[PDB]
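Enquirer: Residue strings, one per chain:
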Amino acid sequence: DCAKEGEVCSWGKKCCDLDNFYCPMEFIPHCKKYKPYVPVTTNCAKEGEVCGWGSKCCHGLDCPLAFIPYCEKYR
Amino acid sequence: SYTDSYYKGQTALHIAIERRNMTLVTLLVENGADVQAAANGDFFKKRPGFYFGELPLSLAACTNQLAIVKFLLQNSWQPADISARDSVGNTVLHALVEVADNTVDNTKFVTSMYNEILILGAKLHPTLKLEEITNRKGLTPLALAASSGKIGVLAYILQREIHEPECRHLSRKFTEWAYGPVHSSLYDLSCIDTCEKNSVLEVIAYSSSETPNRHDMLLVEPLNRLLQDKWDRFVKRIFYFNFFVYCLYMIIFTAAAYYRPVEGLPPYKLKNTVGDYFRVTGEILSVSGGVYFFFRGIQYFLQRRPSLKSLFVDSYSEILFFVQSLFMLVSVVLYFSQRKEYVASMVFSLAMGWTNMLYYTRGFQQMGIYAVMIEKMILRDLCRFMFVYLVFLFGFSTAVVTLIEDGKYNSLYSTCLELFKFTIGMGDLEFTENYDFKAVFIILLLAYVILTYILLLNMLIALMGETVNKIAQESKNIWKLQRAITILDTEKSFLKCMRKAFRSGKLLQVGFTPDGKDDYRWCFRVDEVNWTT
Amino acid sequence: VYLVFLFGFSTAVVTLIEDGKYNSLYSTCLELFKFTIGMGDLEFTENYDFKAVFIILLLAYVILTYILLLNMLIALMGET
Amino acid sequence: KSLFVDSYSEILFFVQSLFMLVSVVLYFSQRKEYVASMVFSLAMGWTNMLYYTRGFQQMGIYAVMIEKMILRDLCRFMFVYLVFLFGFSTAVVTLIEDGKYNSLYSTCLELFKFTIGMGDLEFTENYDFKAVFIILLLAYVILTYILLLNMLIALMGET
Amino acid sequence: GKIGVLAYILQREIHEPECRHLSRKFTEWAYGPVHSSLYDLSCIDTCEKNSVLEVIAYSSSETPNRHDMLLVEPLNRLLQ
Ligand SMILES: CCCCCCCCCCCCC(=O)O[C@@H](COC(=O)CCC)COP(=O)(O)O[C@H]1[C@H](O)[C@@H](O)[C@@H](O)[C@@H](O)[C@@H]1O
Ligand SMILES: CCCCCCCCCCCCC(=O)O[C@@H](COC(=O)CCC)COP(=O)(O)O[C@H]1[C@H](O)[C@@H](O)[C@@H](O)[C@@H](O)[C@@H]1O
Ligand SMILES: CCCCCCCCCC(=O)O[C@H](COC(=O)CCCCCCC)COP(=O)(O)OCCN
Ligand SMILES: CCCCCCCCCC(=O)O[C@H](COC(=O)CCCCCCC)COP(=O)(O)OCCN
Ligand code: NA
Ligand code: NA
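Chains as they are written, first to last, in the working numbering: chain A, 1373 to 1447; chain B, 95 to 627; chain C, -9 to 70; chain D, 11 to 169; chain E, 1157 to 1236.
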């Protein structure tokens, strides 16, 4: 037997459908669904704009490591 | 005589003794003054004031006015009653013990006055057991001195010598025989171990821990050798036997828990096979020990009744064993309730069941000092460190969760664990995720790490200031006190017609009491060598 | 002292989790020893039945072993 | 001169309030970066709880020891360590100019990670000047641990 | 920060005729082993120009003995 959606997992029983549900780390976890992989297209910085300070680079770009980074196209 | 509640009961004799003027004392006694008048005003009670026993005799004794003491007890007009009692229930000896403060000059004064008063009282009233008069609480002067921590007075009383005819019976240190460099002393240890009211070992061992010299009072000459004699006689074998039995219990419990069945929905049917018979035998023998510890941990509390303060100051191991037994009982209840969570309880009673084995480090000195040091540092310094660290960690965790609300930082619990990992040294300074507030998160983590390392370094350095001839000396006395407590606990019950706890036997010490009777004192023999002869 | 403590906690962990590198005493002892030298694996990627008890056991073990090491260090200062 | 040497808690509380006010101004100016201010005002707002350790005999001395050792001893080691780190970071950036070391900021962070036990000595990447890079990293690590040990013993000299 | 003179002044005592009014330390009453003294704290708590507690507490930190001056006999108990 195994836990279902919304039931307390990891206190003696795991959840079965791992391809659709996961048991979080909250000290009384409840199995919940994975969120969809929705890309970021709005409220994001474009290439050449400032990254990191309050806005992530859009899904097609990557943010370098710097004090004041700027979005660049990853290779 | 004053009638005001502040000075109630004060009369001319108290003022005369206060002024250190013998002339007024003589005149007052000649005129029929009441030498038994009690000064019952608040100023003289045990806040401002000075407690002396309320009587002129104890006032003269407490103010080092020996001439007035001699006059009051022996004047022809009205001699004072040496056995008089105050409102509290104390007499001259109790008040003289009370004014001690373990300073050098005051200890000298108290000892000299005590000896002189005892000798004079014995001379005036040979049939009066002046030292055996208990106060309202039921304590004799020796018991009161031991209870209140008057180590200077105890050290005198336990080994006093009085070399005067018709007064040698008052002493309790004697000589049995002598050779040249070697001789043999003989201590009278009446009411040191067994008196049925309150012995010196009992009052020292089971005190409230408020006494400032609780650890030092066991360093006197007779008690240390008595305890070492008791340990090397019969207690050592009993302690080792109990340690062996506990080891067997833990081995059986571990073996039974290791081979638990893996199927769900307990209870499990017993198979008609050898291994399962051994398994269920192990389970029964594992539960019985929990029942035993549960009952013993109740019997401890009922026979002591601590006032909810010393529980976490002394006798911690009783609490730890009791908690182990509670976990075992909860495991049993969950097992027979058809719940799988019983394993979660069982392993806890297993996991601490090994750590409580450190309780048996005592009896082995080289490990006992180490264990005492562990307990000292844990209860002293790491509590302050953990308090400060936990508040700091909570602050930075709530700072981080507010900034990054997804990707391992969408809850306080996960953020706390991820930040705690840095203290161990297992961090995740990768910064590969595409957060909204990257390049601020880095500053928070760097500041957190630096502050946490500063705190750890401060803790470490602060612990070095307690190594300069502080811990090394203290831990030895604490260990000796622990061995004394376990010896007394073993001796107390024993339920087997006690003979081995007794001292050298009914030896004739003097054989000539003030009357025609002899005396037997249940003494203790201590040999000694001295080349300055 | 350390070996007895390690054996106790290792047996507790093997009892709680009978799979995934914790199905034997030797492997569990090595995995717990690695924490003492800073090479731990506090990842919790596997789906154990009794997670969130396992976490408490590991945290208690680590804290107690660091207390023991600090005590050893301090006690060695009585020789100098 | 008095402020730099005494009355620190007033300065820290004032800086907390300044961060709060900047957060307010950014909030009503339609900027999201107000969050970056607010968190800082929170993060030190908890730390200033240490101010209230005074009055308690046991904790106050502990806090005084922390503050005294921060202001007295660690501010020299900070200077020495930072100069040493900058020197070796610039050397590494000069030697290897592409991939995790093309910038001074990343090289400084990667060298700092060694100080807290989370370094990377895998040496998987095929650099042009490998086996010189190894010597630089080994020398940096050894000198760093020598500096730390000397700091620790000098702090044993004050007890 | 001249503690040597401050400690003298705050505890000044004299028992000469026409000079007892110059003392700051007096005696109220005594019993056999116990007595009760009383210190004049005029110009320590309030002056409205320059008091001892204010001038010590709010010093420039150049004063050598600003840590030690508070250990003198009356202030240590006054503050408590
Ligand atoms: C899974 C989670 C496990 C957690 C377990 C944590 C470590 C266990 C260690 C077990 C050790 C057993 C023991 O030996 O108990 C220790 C208690 O250790 C602790 O500090 C526990 C903190 C809580 C000493 O307690 P004790 O009864 O000896 O009290 C002393 C008197 O004997 C003495 O007369 C003096 O009055 C002295 O001042 C008193 O202190
Ligand atoms: C997000 C990033 C957070 C950064 C936070 C950095 C650590 C904060 C620590 C918080 C502590 C608050 C505090 O309590 O401040 C402390 C000082 O510690 C510091 O701040 C160290 C800063 C380096 C007390 O300073 P105090 O005002 O008591 O002045 C003292 C006099 O009173 C006394 O008589 C003496 O003259 C003495 O020489 C004087 O000092
Ligand atoms: C020693 C370093 C590691 C510490 C790790 C724990 C971080 C502090 C935990 C926390 O404060 O978070 C609370 C949960 O508190 C608890 O569980 C009990 C913990 C009591 C404090 C013990 C301090 C040692 C809120 O989380 P919930 O479980 O209620 O959320 C589920 C439903 N939404
Ligand atoms: C303790 C280990 C980590 C130390 C890290 C510091 C490396 C400082 C090196 C650098 O000079 O970095 C520059 C400027 O540095 C700064 O911000 C401020 C540095 C202040 C000193 C702090 C002392 C701890 C950043 O500017 P960018 O590179 O992002 O260029 C953007 C292009 N438009
Ligand atoms: Na490390
Ligand atoms: Na490491």
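Keep in mind that a hint or two might mislead.
[Claimed, not checked] With a cut-off of at most 35 Å between alpha-carbon atoms, the simulated DSBU-like pairs for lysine-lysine come out as follows: (1) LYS1445(A) with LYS515(B); (2) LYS41(C) with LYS1418(A); (3) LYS123(D) with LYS1445(A); (4) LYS1385(A) with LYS502(B); (5) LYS1445(A) with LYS78(D); (6) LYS1385(A) with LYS24(C); (7) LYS1445(A) with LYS42(D); (8) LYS41(C) with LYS291(B).
[As the list claims (entries may be wrong)] Partial chain E-side listing against chain B, Cβ under 8 Å, derived: (9) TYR1187; (10) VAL1190; (11) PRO1220.
[What the hints assert, rightly or not] Residues from chain C shown here face chain A by an in silico Cβ test under 7 Å; the list is partial: (12) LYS41; (13) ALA42; (14) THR55.
Keep in mind the hints are simulated off the structure, nothing from the lab.
We put the beta carbon where it would ideally sit given N, CA and C, even for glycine.
Enquirer: Okay, which hints does this one fail, numbers in order?
Expert: 2, 5, 8, 11 and 14
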